[PDB]
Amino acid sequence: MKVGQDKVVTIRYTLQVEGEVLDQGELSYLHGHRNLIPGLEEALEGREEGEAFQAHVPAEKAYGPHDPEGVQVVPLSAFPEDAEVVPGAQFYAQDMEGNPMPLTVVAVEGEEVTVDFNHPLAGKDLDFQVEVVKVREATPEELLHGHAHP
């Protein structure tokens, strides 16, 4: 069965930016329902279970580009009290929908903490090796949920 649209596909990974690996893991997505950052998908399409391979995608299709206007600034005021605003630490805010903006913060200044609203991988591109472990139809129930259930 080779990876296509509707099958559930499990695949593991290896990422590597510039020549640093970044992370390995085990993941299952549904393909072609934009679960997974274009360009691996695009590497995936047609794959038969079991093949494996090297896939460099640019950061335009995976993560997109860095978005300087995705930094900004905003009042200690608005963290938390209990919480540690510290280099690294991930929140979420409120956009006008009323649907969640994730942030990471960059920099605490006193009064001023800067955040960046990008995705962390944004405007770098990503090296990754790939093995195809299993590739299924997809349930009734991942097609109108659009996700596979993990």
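Numbering follows the first chain given and starts at 1. What changes on going to the form deposited in another entry:
For the conformational change between these two forms, the C-alpha atoms of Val85 and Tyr13 are best fitted by the superpositions of different rigid parts.
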The other form holds:
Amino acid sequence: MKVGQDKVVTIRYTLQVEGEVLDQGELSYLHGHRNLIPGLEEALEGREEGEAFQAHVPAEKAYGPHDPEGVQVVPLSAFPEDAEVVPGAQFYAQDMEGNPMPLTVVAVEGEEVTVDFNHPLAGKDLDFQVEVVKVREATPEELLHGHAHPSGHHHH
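Structure of the form deposited in another entry, please, following the form deposited in one PDB entry?
There are no partners or other molecules in what follows, just the one chain.
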């Protein structure tokens, strides 16, 4: 069956950036409901089960460009006082209703921490290898919820 609107699609993938494998895994997603980055959904459109291919997805069609406004300068106090607040460390801020917002520490100086709320892949072009494992129709429950049951990574 071919990948198309309102199909639940299972893929196995490898993700490389700048020639370094960053991720491998398997996931299922409901196609046509902005569940996957757009360049990848476009590359999967109309593919047959069993197809395997490689695809280059520019940042613009993946996680977007890096947004300079996602870089903030925050007090070193907001971090645990035995925390390793260091370039590359990840932390989660929380907003007024408790939503976790992940950040990566960029720099530290004095009482100030430069942090980046951008997605870690923002601004990066992604090279995928993708295999279409299974395609099926969605159930009414899945179409009503806009996602698959189960919805995400089998393996990551």
